[PDB]
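Q: One letter stands for each residue in the lines below.
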Amino acid sequence: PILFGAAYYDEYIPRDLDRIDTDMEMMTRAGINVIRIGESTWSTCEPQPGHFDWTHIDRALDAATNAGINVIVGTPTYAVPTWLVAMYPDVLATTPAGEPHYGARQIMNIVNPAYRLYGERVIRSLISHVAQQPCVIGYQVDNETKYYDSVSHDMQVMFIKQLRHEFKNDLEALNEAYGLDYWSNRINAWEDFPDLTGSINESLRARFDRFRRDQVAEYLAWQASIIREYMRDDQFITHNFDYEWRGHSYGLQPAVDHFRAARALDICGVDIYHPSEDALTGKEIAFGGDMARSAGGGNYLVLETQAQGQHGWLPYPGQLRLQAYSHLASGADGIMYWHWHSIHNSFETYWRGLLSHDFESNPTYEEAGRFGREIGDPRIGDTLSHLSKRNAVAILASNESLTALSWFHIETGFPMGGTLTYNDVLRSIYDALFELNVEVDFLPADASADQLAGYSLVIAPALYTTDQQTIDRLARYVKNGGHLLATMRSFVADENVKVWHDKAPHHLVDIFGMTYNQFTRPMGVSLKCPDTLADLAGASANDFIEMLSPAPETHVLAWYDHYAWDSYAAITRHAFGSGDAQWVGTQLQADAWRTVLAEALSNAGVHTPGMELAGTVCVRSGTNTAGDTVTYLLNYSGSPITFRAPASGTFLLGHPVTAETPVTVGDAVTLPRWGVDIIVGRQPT
Amino acid sequence: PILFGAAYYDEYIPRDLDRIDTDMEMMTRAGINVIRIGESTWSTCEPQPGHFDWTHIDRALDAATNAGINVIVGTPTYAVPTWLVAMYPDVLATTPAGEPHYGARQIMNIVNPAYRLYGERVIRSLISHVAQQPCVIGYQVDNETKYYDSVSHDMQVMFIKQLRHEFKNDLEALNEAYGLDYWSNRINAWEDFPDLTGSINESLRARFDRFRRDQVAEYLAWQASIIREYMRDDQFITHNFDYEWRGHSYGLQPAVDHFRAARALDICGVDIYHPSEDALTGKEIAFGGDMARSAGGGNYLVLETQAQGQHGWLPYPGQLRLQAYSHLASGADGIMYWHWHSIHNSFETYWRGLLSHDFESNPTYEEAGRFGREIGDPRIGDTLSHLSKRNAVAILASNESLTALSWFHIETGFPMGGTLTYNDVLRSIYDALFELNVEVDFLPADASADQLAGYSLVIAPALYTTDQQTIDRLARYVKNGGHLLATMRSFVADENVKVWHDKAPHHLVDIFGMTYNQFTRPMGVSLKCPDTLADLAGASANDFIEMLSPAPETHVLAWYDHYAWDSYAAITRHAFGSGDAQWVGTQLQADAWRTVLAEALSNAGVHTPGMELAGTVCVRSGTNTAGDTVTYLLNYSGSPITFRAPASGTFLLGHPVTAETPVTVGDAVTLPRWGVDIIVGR
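Protein sequence lines correspond, in order, to chains A and B. Take the working numbering: the last position of the first sequence gets the number 778, and nothing is skipped along the way. Take the working numbering: the last position of the second sequence gets the number 715, and nothing is skipped along the way.
Treat the hints as calculated values from the structure; they're not laboratory data. You may find that some hints are simply not true.
[Said to hold, decoys possible] One side of the interface only, derived from the structure: several residues of chain B facing chain A at Cβ under 10 Å: (1) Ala112; (2) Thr230; (3) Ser232; (4) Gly446; (5) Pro448; (6) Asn529; (7) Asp535; (8) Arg554; (9) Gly557; (10) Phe577; (11) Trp598; (12) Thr691.
Beta carbons: idealized from backbone N, C-alpha and C, even for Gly.
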């Protein structure tokens, strides 16, 4: 059935209480069938070196067993004990800010041998101890693992050795690849290799970031490999990925390549956090879910999301339920809250769980339990689980480009100034599509020809650095009938972040039917659109403009409206083989992005039910394991709304209209504020 | 008489001058009867280790003696000589910023042995040298002393031993009290105890902060105890406390507990600086005076305030006078300027004294002298000194709550984000009261049953962390007839900053007649006020809202006006015993605070004639030593004002009306811009 649950910290509950069995009863009452334990408390289970105390782990396993609740056990390696650092200070990484100081979780040097050695021992002892317990259904490897800005000596030497291997000891080739002549930065003998911390060369720095991302992935695989020596055949290994953090889950994760790192896992997990209250839009849940579903090639677990949340996140009545159904609408096969309660000391005292600091019932917990009892009814649960999505549009995601542009800021070309980031461009586009009710998959930028070929529209947002093979695949995708749309600052540099030295866009001048070699930060530049984009006439060009020189054969969709720049296009499209290729040479406002992308989808022949409801209600859909269509209707607003049904079949939930009421496409539908219902393409049962 | 003076630095005066007797004469001309010397110049009086040179100290004592001026001697320990750090670099504290570098004052590790050894030596030599000089009337111990964010090894080890003592060596108890299971932070053996610098556990950090605050209090008591070995029976020990600095004196001092630290002294002293010119309000003078008066249980000395001041403080004509009288209206028994002149080199070149860089007369000095000759006339001096204030309202101050919310920000729960601080809440209440012409005392949060009992209204501004005993006193205070008003984020946590785990407000749900367990940052939330607070109707709820669930018998003064939260109250008041208890579950704008407080005060039976003049003129009063009522009328505006006299008696000063003109409550009164007079009820 659908996983529904919460992280539980027996280790944190005040010791003067004895309420574990009460907590378990509150959970089963709320339709909770799974808890997560163990990951944050190494110092409780191994209180002195070599001395293991499973009191708290056993208590949770026993209490869950007695309640009929399942358990996912997390390895406790993301936060280290006082006794470990006392013996080995280097467990804590040196960063660019200098020497570390004990306290915070996730400031360790993940390649430190004391960290790996003791880590391996607690992993072995914990997983050995719990693996045969029937309530344990799976494992979380570590927790939201990154490399934590480590520039420790060892990590650097290891990087130098990998550079030797990559370049077959040839420093002429390395210095040329990275342009290291500049500012007298050549490395002409391996023993002269400087400390990377002060490097001003982004070719080198990027490669080091990539190396360290790869170490994250290897560390996860290594942990998974250890759990594989103990686990039962009916258990799974997962991990809780997280996203760029801007007060909440925002964009592609800078420190980890989720596509690559997910290969060690049986199923992808993810943590998603987002604005609520008047600011609930659904966008972060959908973005988060689409990236997890894409990284894992199918259904994923939401291992953490918000209950009462941080200050400001407390959900209006109805919002918790609407947030939950949203996850299922992106294809989640589980939802778990972080966490069951609210902790009474220390950093996350006010990142609040289902229960408040009094451990009483409250309206948020009660709303959760109404949700849990809904999906725990098989009539609802069997209908919503394992949802399959077949999307026609893909967005290309690139950790290498995020890294590159974090240094060469789009607007300035330097690691200072500007406000537009890679994830801003990505989200500007993702969010426009969301506003139009068009659903997307994410693809890594090095996706195969077969993968690309599945999609009718492929979008490349500020896809700044790629290899030559990637360019060639995309040309071929277009030739064979695809539609490629790229934005400014794409295909600028090779995989070593060296800007190509032929005509831009590199090896795509004939595909896009244009070239450029000039750009600026626009002052009072707007757009003239003669035809297909007539609705865009007048829109502003923002942040950065590329002076696109269209070929004589190319269709210009927009020109700069400015006396210095009006010889140049802002937006072009050009046929090539059976497909076409569009470039957007500027950043657009949200309304302009919706205009451009709605036209592009129309050009590409992409239609989905709910497109007509854009701006009225959120519609997201899929096919269930009976092969029926499932259409969610999600009202992300504080007013009731009326609209016409986008599909025919039966209302699965009912809404303030009863469950199993039939509906026909076109029928009037009303949802209350923060309301939801779901049409399933079958008759009532 | 009233002390009136300035700090004087003969050590800093250009050496080509010989003007000390001219300075002294300009001082006596201006009614100045005391100077403060010695505290900033260790390297001048001990130029090489063990070699003392009292030339400058002697010059000042001889010149003062010759002019009939009294002297307060400061110990010079808050800035250290180059020769001391050259031997002992650990004199300078390690901070979370890392290694220190010599130059600034007040970057020492106040528990360092070299610092305390050489410090005891200079103290003993200086005090011994001056103690029997008739002009010396007292002593300042160090100067605005704090712990300077020291995380030096010794201070940490000392703290660990203090923890062993407090938990009786029981690390199981310590880990539970502080919740150190979280993020694998348990300390399971004493030898594993980590550096505190990078701790993310605010129960532990807050306790370290409290320890270091107590080390400041001890340091002050240690110096006072040395000084007591030499001083005459006719002399006093004091200290210049200071406030949270936000460009000027703003709020409760974060690094020192003035109520505790003040115990070692004969009389409290204070340094107060504030906006002037168009932004002169008198709020900071009154806040700082109320605090200092409260900390020491009576009259206090303003050991420093602004003369010409920093750039932007230069007072408009009339304002220096108005500022001065403002201090005496709060209960000051002395006013000293920092400082006499304007220094020609170095960091405070432009923190300017009475005289400018040219040492000439100027209008600010001349205004100060007109004021000093005023109070120097016993008709006025005698009437105004040792003022005694009996207030009906108390505000509870808590360093522990300041500390806790410096990390757990009201709005965010984290040490980043938000704008609303503990002191902002305290000042929001204080300022509304001042604007209502209501005078207050401060009490420490742990104030005794007897101290609480003396007040008709007690206000708990964001009293985030307390012990259980404080909560039980307060409940008894209400049961017995008191009126308690608490704001949001009060009584949340125990004295270890561990949030209580029963219903909130902890052991007070019966008293306030309400519980809450939900809160948020409000978006477009207003208040609905059905009766008693009808004037507040439509006011904004700001910064944070607690979802109060009132008992059936509780009076709901304000509900949330918002479709998500309108089941919940924002402001509640509940009868308990013969008193009552009111909770304001959000932050209010300034005008909303006046509306709320004016109603609470009326509920509590507090009314005076000055409250009728709120918004028009500042009225502050007390009783002088002949038993007469002294009523200040202070105009903190750039225009003239007209109003009805709030008391009968005689005008003391005269104003643009002669000195000693009679007046009767209700008589029309006019004051010029920045004006002042005083009605004395005889």
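Q: Could you run down the list of hints and mark each one as holding or not?
A: Each hint tested on the structure:
1. Contact between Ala112/B and chain A, as hinted, is not supported at the beta carbon level, the nearest pair being about 28 Å apart and thus beyond 10 Å.
2. Contact between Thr230/B and chain A, as hinted, is supported at the beta carbon level, the nearest pair being about 4 Å apart and thus within 10 Å.
3. The beta carbon of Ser232/B comes within 4 Å of a beta carbon in chain A, closer than 10 Å, and the hint placing it at the interface holds.
4. At a threshold of 10 Å, the smallest CB-CB gap from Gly446/B to chain A is about 3 Å, leaving the interface hint in force.
5. Because the beta carbon of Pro448/B sits about 9 Å from the nearest beta carbon in chain A, less than 10 Å, this interface hint is met.
6. Taking 10 Å as the C-beta contact cut-off toward chain A, the hint placing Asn529/B at the interface holds, the least distance being around 8 Å.
7. The closest approach between the C-beta of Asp535/B and any C-beta of chain A is roughly 6 Å, which is under the 10 Å cut-off, so the hint is satisfied.
8. Here the hint on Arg554/B is kept, as its CB sits about 4 Å from the closest CB of chain A, short of 10 Å.
9. Satisfaction of the interface hint for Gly557/B is found here, the shortest Cβ-Cβ separation to chain A being roughly 7 Å, below the 10 Å cut-off.
10. Of the supplied interface hints, the one on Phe577/B holds, with its beta-carbon coming within about 7 Å of a beta-carbon of chain A, less than 10 Å.
11. Hint status for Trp598/B relative to chain A: holds, with the closest Cβ pair at about 8 Å, below 10 Å.
12. At a threshold of 10 Å, the smallest CB-CB gap from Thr691/B to chain A is about 60 Å, leaving the interface hint violated.
Checked against the numbered hints given earlier, this structure breaks hints 1, 12; the rest are met.
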